[PDB]
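Student: Read off the chains here:
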Amino acid sequence: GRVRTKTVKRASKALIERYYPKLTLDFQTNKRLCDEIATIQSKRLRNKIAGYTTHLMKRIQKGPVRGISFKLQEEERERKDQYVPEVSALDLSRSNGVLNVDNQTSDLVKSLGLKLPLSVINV
Amino acid sequence: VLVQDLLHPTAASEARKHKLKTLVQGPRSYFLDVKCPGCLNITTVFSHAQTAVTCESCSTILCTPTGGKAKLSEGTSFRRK
Amino acid sequence: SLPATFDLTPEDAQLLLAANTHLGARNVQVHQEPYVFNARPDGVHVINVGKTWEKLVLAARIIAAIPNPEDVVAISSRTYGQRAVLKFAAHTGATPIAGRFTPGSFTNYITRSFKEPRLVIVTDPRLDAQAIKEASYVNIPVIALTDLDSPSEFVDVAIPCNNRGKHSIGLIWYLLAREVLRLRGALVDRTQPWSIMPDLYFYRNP
Amino acid sequence: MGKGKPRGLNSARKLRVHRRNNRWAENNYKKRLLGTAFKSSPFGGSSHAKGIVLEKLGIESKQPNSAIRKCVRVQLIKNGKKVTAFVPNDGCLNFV
Amino acid sequence: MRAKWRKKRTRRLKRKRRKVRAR
Amino acid sequence: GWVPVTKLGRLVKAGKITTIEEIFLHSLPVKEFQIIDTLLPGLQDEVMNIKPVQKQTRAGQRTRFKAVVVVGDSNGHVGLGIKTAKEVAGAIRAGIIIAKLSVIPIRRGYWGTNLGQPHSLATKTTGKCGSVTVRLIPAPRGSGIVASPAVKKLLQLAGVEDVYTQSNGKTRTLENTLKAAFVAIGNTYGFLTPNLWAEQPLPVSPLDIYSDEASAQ
Amino acid sequence: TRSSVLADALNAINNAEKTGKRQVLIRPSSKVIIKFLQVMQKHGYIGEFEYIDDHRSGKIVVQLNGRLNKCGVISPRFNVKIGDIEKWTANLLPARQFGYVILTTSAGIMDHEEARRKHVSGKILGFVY
Amino acid sequence: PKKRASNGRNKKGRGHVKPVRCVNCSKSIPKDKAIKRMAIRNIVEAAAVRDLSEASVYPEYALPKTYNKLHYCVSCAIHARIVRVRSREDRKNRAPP
Amino acid sequence: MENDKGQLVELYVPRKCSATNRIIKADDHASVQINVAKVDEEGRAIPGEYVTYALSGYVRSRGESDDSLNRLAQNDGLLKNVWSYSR
RNA sequence: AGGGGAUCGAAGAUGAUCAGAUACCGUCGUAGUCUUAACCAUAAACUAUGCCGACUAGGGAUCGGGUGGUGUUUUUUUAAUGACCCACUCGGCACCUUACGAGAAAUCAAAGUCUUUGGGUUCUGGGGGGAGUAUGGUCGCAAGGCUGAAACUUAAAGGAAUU
Ligand SMILES: [Zn+2]
Ligand SMILES: [Zn+2]
Numbered sequence: 002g003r004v005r006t007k008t009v010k011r012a013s014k015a016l017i018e019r020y021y022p023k024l025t026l027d028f029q030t031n032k033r034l035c036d037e038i039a040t041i042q043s044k045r046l047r048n049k050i051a052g053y054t055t056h057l058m059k060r061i062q063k064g065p066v067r068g069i070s071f072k073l074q075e076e077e078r079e080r081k082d083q084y085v086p087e088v089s090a091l092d093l094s095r096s097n098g099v100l101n102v103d104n105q106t107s108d109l110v111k112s113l114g115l116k117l118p119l120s121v122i123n124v
Numbered sequence: 002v003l004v005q006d007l008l009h010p011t012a013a014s015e016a017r018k019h020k021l022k023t024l025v026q027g028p029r030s031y032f033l034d035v036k037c038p039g040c041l042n043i044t045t046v047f048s049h050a051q052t053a054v055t056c057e058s059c060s061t062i063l064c065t066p067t068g069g070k071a072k073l074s075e076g077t078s079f080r081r082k
Numbered sequence: 002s003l004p005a006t007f008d009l010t011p012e013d014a015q016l017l018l019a020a021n022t023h024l025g026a027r028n029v030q031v032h033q034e035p036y037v038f039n040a041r042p043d044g045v046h047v048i049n050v051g052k053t054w055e056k057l058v059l060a061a062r063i064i065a066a067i068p069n070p071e072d073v074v075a076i077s078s079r080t081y082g083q084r085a086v087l088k089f090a091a092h093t094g095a096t097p098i099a100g101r102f103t104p105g106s107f108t109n110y111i112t113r114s115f116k117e118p119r120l121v122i123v124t125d126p127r128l129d130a131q132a133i134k135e136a137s138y139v140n141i142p143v144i145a146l147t148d149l150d151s152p153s154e155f156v157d158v159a160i161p162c163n164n165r166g167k168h169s170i171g172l173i174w175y176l177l178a179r180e181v182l183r184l185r186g187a188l189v190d191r192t193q194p195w196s197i198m199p200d201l202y203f204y205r206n207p
Numbered sequence: 001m002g003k004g005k006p007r008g009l010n011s012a013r014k015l016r017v018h019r020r021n022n023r024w025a026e027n028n029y030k031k032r033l034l035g036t037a038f039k040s041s042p043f044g045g046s047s048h049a050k051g052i053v054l055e056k057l058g059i060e061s062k063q064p065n066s067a068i069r070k071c072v073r074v075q076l077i078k079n080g081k082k083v084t085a086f087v088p089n090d091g092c093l094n095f096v
Numbered sequence: 001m002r003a004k005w006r007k008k009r010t011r012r013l014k015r016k017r018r019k020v021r022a023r
Numbered sequence: 039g040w041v042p043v044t045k046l047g048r049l050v051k052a053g054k055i056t057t058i059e060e061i062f063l064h065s066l067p068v069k070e071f072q073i074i075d076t077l078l079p080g081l082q083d084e085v086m087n088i089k090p091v092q093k094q095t096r097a098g099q100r101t102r103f104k105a106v107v108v109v110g111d112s113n114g115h116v117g118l119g120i121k122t123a124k125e126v127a128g129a130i131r132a133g134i135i136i137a138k139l140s141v142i143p144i145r146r147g148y149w150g151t152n153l154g155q156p157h158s159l160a161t162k163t164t165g166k167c168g169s170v171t172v173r174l175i176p177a178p179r180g181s182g183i184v185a186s187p188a189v190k191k192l193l194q195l196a197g198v199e200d201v202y203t204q205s206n207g208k209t210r211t212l213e214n215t216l217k218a219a220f221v222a223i224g225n226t227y228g229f230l231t232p233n234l235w236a237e238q239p240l241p242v243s244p245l246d247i248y249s250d251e252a253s254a255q
Numbered sequence: 002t003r004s005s006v007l008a009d010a011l012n013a014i015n016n017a018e019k020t021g022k023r024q025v026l027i028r029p030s031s032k033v034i035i036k037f038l039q040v041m042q043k044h045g046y047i048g049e050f051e052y053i054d055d056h057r058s059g060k061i062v063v064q065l066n067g068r069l070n071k072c073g074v075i076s077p078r079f080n081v082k083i084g085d086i087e088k089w090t091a092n093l094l095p096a097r098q099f100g101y102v103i104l105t106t107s108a109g110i111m112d113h114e115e116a117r118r119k120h121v122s123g124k125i126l127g128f129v130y
Numbered sequence: 002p003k004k005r006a007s008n009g010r011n012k013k014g015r016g017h018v019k020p021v022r023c024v025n026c027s028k029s030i031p032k033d034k035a036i037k038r039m040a041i042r043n044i045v046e047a048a049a050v051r052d053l054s055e056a057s058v059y060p061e062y063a064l065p066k067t068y069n070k071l072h073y074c075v076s077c078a079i080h081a082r083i084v085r086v087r088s089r090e091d092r093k094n095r096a097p098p
Numbered sequence: 001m002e003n004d005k006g007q008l009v010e011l012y013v014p015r016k017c018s019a020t021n022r023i024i025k026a027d028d029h030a031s032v033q034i035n036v037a038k039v040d041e042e043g044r045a046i047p048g049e050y051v052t053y054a055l056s057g058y059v060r061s062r063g064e065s066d067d068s069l070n071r072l073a074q075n076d077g078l079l080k081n082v083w084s085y086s087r
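Protein chains in written order, with the deposited numbering: chain RR, 2 to 124; chain bb, 2 to 82; chain AA, 2 to 207; chain XX, 1 to 96; chain n, 1 to 23; chain CC, 39 to 255; chain WW, 2 to 130; chain aa, 2 to 98; chain VV, 1 to 87.
What the hints contain is simulated information worked out from the structure, not anything from laboratory work.
Quick reminder that beta carbons are idealized off the backbone N, C-alpha and C, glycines included.
One should not assume that every hint holds.
Here are the simulated DSSO-like pairs of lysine-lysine, each with C-alpha atoms no more than 30 angstroms apart in a straight line [unchecked claim]: (1) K124/WW x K60/WW; (2) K25/VV x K54/CC; (3) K134/AA x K69/CC.
Simulated coverage check for chain CC against chain AA, where a stretch passes if three residues somewhere in it have a Cβ under 8 angstroms from a Cβ of chain AA [unchecked claim]: (4) 41-48; (5) 245-255.
Can you build the whole structure from these sequences, using the hints too?
Tutor: Printed below as a string of structure tokens:
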């Protein structure tokens, strides 16, 4: 029965997605971070919240875990998105390996297409 | 579908549609002006025979009757219509 | 009529049949069915590339007709079109629903995920049936990237493609983004195929 | 899609005979035709009747109610059947 | 009350009425 | 203090959607009752039924009050609203807003010899809901409304003057009667007559004319 | 056997125009069918129809315009009199303005509007809205 | 009402199926209706085979199996067999284990 | 509709489907009207110049809207060699 | 009424259980037919859906036929084949899976084309009981079958789905 409720597990997620820096894998510091940054009512609520931020910070440092993407990790996802390192090859302009077409797609491009160097195979 | 024009239908469909279930009732059977392996004649036979038809000189069995289109006698030449 | 320069260029035709948009196409088929080019032996179909391209130009004309850019909603809940619609949205401002669709998006005007499209672009009608079904309640046209055996229900202008390789989905999305950006946009020439690598649309595996 | 019944133009016999038969299942029709009013029905199928009162009766009401219904058993002058009539107001059993 | 044993009871008292009436 | 979501609301608030049939012309799904409030000021606001409906609970039986209400003009617009609320004073209100939202046009016509505005329906319409099937057989002039008193004033708020009815089924069930009567009244527009056989051009939607005067900035 | 041919022809046209199709194939195709189609065509409930003359009863291919809503036959051809046409065109049609009840009159296959202008009657074939 | 589109049965195209006795109840039930399940098992249980092999002649120990199709009536089957009466939703799911 | 005069007494003259000619109703949701852009010479189209094609809820639901617009496109010159009349 | 009668089993014997239990469980066990001739003529005799006919929208599988495979087997030289198998194709069959119309709904290839009511045609029902009872014919060796009421009684009985 040491299950944390939504009232701490949401506050924790809001806290980490805002102050990912100024949070250091240690309850004893994270406790005092919550003292300064948050206006938590009870001393025991703080201890539970801070104890779960620390649990999230330990888990986030073994590779990003789903549900909590912070303002830094979003920029990492933006770079892996835009700067996709699959741009050395053309690619898909595979003049070396489009041209392994079969007799049906041959008759297809013959009917409608202009003209293509076509490497015809069968079955 | 919704728009077809079944007055001018495509032959890729009319070929497959049943003998009756076409634009007009028309048979898919035909006649073979088939020539004897022995005494050369021009004996007209039918696609779906129903009889073991023979040549004129001897009883040289040109076809064997089957469920659909009839068989031929090991060696012979055929000509449709 | 069209000015008749958009006539399936050989660089686009070789892109499409290198992506294998037609070299699969589901052996078992739905009886619509005019986007067929004599199914190959060994149990596979082959689609008319001319037709899918013509349909793509028609689709572009409808998307380009939509006056405000981000009333076109680019949806792809399947993994193989996620970044494809994200890039489509970023290029031609077209708010994407890449991920879970959160039903009650077009109906249910209260929810924070409330969009009122005048067009939907759906990568798959089967796996994104919720988007189509919800569009039917609020009078929204839908442009689908269908296969041959994909369902046609509550779906106008369908672009016949392939939905097995991912190369197709990535390409046909790039090409639609390309053709819309030409008509009343920053692509000032129809020729010179605007070679921004069609691999900014390919779902890069982890 | 024939709706069961015949739809010939020369089927007036059948369409009439079928009603003549199936009308019997009606309640009003059957008893008007067999003359049930004139065999049963102590009144012999009439509005009122006259009679000479035999006994005063206290009939017990049916179950949801509870009372003594102050009836009167009366032999009909008309035919001679003995029926039980209700006295239709508060202190009228003392009047009859 | 079973519409079978109801029927059987009727069909018994009918037979025993036949045997009573044959006299 | 409307502050409308639903860009239909933004247009009709700005005072651009003229009055009122462009919503019906283009099948625009109206989901804000303050739209109808701005367009049509003169409506009723006439309650038909309040029946007690009872769910059986673990302990006791919870009774709600399913309120049926008709919100109609006196001209050519009616709306039927059925809402189940926990109180009758809240039920009538929560019904009225649905009866406003689901407002529908009626296609009034003649029984021959035009001579003035349409009085009856244009054609013999029917509508069905559950078992109750209502018919609206258009009638000669000055005959009055020849319906049950339930649907009589539904057709009065529709604005119909003369109409025979031939309602079959369990017509006592009031919700199913009015539902079927409201389908029948709606099905008038939906009959393709030689009166409206002429092929006219399709008008462009005001969501495509005032494209970027809606969607609040 | 099929008891009537106008019946299944008009049914087939109705079943197609329900789905908003643009053509029908009618297999039997009698002269009575063609003449009914011609009266439909006149008021403009029907486009054009071809008669394919297979050496038999032949067939028809009709083309619709989506105007026809209802199009039925009255199976037993009731002997109608011009004194009681109003009882039919009040029971079959939407009020009074449009629609036509088709009589096989001695003068020929006609509508109630035409039969009134001629002052003639016959039997009843069917109707079109 | 009618509970099943079938009749907890197959008989469609037939007039009468020759019946089968329930394995435990002895109740005669029409074959098509009877809940059939093949009981395929090793002759020796999945705990004894160690001491069986080590004390057996003929190394490679073929270890022949046993086969018998258990026909069950409906009531005998409802006694915690693969029946576990499922919802009016999951009634239609034909797929076996 | 008319009084056998002027003064047209008919509000909301409803717009018919372009595939079936069937009247679209006021509450007929799933009844889309697509606007195709009228192109200029090789690239851009005129903003505010369209060809407006309506398709009713019934045709959309049935799954013959792709085929209905394919034919309408070919017959207004928006496509070419897509809708083959005789299948 | 003749054979036959192994098994199983109305009746019955009998042991348990039971408060009683001439039942459910146990052991026996006549009649019982499985068979030949002659009767009987009813079943939840059910798809509880009359038949003949037309039109409206995916996959297997039975039977027949048409093509295709340079597939397997085929050896008596290459195989003439043939069969089995594979793909496309129809005609009919027993079906099944998804669904715009229908229905009170459960639901459905017809239960759709139905107040926008008519393809042909036969049978049956008109609240619940009394009652499938009495009576009278009819058939049967009998058991019974067919047809089949009324007096009187009653405000509901019933179908489907919901909590
Ligand atoms: Zn010779
Ligand atoms: Zn059992």
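Student: Below or equal to 30 angstroms on CA atoms is what counts here, so check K134/AA against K69/CC.
Tutor: Answer holds: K134/AA to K69/CC is near 18 angstroms, not above 30 angstroms.
Student: Please check whether the region 41-48 of chain CC has three or more residues whose CB lies within less than 8 angstroms of a CB on chain AA.
Tutor: Contact hint for the region 41-48 of chain CC vs chain AA: holds, 3 residues under 8 angstroms.
Student: Within 30 angstroms, alpha carbon to alpha carbon, are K25/VV and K54/CC?
Tutor: Holds, at about 23 angstroms.
Student: Run the distance test for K124/WW versus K60/WW: straight-line Cα separation, threshold 30 angstroms.
Tutor: It holds: about 26 angstroms lies between the C-alpha atoms, which stays within 30 angstroms.
Student: Taking beta carbons only, do three or more residues of the region 245-255 of chain CC come closer than 8 angstroms to chain AA?
Tutor: holds (count 5)
In the structure shown, no violation is registered for any of the earlier numbered hints.
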